[PDB]
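One chain follows as structure tokens, the form solved without the partner chain.
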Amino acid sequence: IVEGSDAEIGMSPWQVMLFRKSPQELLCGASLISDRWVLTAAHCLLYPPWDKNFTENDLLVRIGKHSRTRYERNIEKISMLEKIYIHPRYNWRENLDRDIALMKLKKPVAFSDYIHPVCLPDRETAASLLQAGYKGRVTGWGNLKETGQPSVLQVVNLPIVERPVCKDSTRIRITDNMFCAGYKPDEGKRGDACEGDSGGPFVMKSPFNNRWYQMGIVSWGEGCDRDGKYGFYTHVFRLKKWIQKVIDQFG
């Protein structure tokens, strides 16, 4: 996270860490959506040009964490993966369309003060909250700058941008399955996600019911926190039908 701040303990209890087992390495972020289901970005798991085509056996997840490096006895829980699921229509050659993946844990994770799922949105919430100018929150152990890594989980709040401004910020074919957030150059304030934040959540809190909803998945930016550039997030609601298909099948 660029220009963010340390999370308070417990501020983001759906925050998940995705590790490669061997060599043990932090790949991406991700979010707890049930007691067996974790949501990340596809490109976190599948990107051939960067030698990334993982199976369940390759990875594990850590949940309940605050510090990037230091282990946390009785807080942190490590989980094995039963099965990875990547959207069938995920595009990686071009534009990162449908950058969405689901992971099933091999065991239910126990909830605590540090571990707790986030809500997926519905039509009402998506219509209410996905408006330009409205701010959401992005978290992660990604870099603090474009060119070290943070000691503790970072958090930053960012305004959703109007589609035309998104469209014009990049020459990447942008799709209706992503939105962009971040400040315009004239707005003075800064901040963005960066390398390592991928797959983590973009959450908003509902004024109707006081709950946290995951509106986006951190997907891509050209650099971090550049003027006239914006962050791109997978639109969770537009893909919710797939999320339900997988979870409802469990397989």
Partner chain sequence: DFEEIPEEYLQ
Given for the second form:
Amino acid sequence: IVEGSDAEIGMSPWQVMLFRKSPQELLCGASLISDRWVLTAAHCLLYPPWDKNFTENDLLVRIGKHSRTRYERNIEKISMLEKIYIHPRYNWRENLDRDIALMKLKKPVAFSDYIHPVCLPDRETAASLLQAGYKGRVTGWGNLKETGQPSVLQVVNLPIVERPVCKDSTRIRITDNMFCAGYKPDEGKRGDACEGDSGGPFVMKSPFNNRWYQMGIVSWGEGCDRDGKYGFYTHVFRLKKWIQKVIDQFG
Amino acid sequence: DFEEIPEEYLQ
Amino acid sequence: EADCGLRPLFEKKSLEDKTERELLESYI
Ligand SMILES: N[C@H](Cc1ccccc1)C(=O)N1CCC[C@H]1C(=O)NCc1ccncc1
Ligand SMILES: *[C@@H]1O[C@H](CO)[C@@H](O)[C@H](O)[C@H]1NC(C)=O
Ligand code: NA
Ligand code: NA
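Could you switch over to the form deposited with the partner chain bound, since the one displayed so far is the form solved without the partner chain?
The next block holds the full complex; its first chain is the one shown before.
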């Protein structure tokens, strides 16, 4: 996260770290959506241009974390993966359309002060909150700059951007399964996701029921925190029918 | 970099 | 889950985090 700040303790208790076993390193962010299911970006697991194709046994999920590198004894919980599910129409060839994946844990994780699931939006909450100017919050342990790495989880709040501005900022083909967020050059403030933040959540706190909803997944961007560029996020609600299909079939 | 995690999670 | 999106150290104890107000102010 570029131009963010240190998270407060328990600020993002749905935050998940995807952790590579060997070599032991941060792979991606992710989010906890129930005691047995974790949501992330497909490109965190499958991206053939970079020879990335992880299997369940390659990875661990670390939940309840704050420090990036520490083993947070008596706080974090480490889970093994039972199964990975990637969206069947994930477009790794072109533009990361439908950049979404689910991971089922081998065993349920115990909730605590530091571990708690985020809500997924309904049609109404998405329609109400996914509006240009409305801010969400992005969290992760990714790079602090485009070209180092944080001690603890970082957070930044960013406004959703009008679709034509998103489209005009890039040569990549944008789809309805994406939205973009970030400040404009004239808006002064800044901030962005960066490499390592992939798969983490873009969340909004509903002013109607005071619950946090995951509206987006950190997907892609051209550089980090560049003027006139914006971060792109998987549109969770647009892909919710797939999420529900997978959980209903395999849950 | 990363602190070693308990071996139970790598077995 | 019925309890999703309510943080033990914040909403569950009626404490606010340092920047959630910025989000609320944007929801015009
Ligand atoms: N920079 C590429 C742009 C791109 C987008 C879509 C298809 C191909 C290439 C990118 O973000 N990529 C290439 C594959 C993964 C993704 C990435 O690094 N995503 C993390 C990220 C998030 C926000 N800002 C910067 C990077
Ligand atoms: C990724 O890995 C799986 C299994 O190892 C393989 O069958 C698949 O063809 C690979 N490439 C994909 C899914 O694009
Ligand atoms: Na364009
Ligand atoms: Na920017």
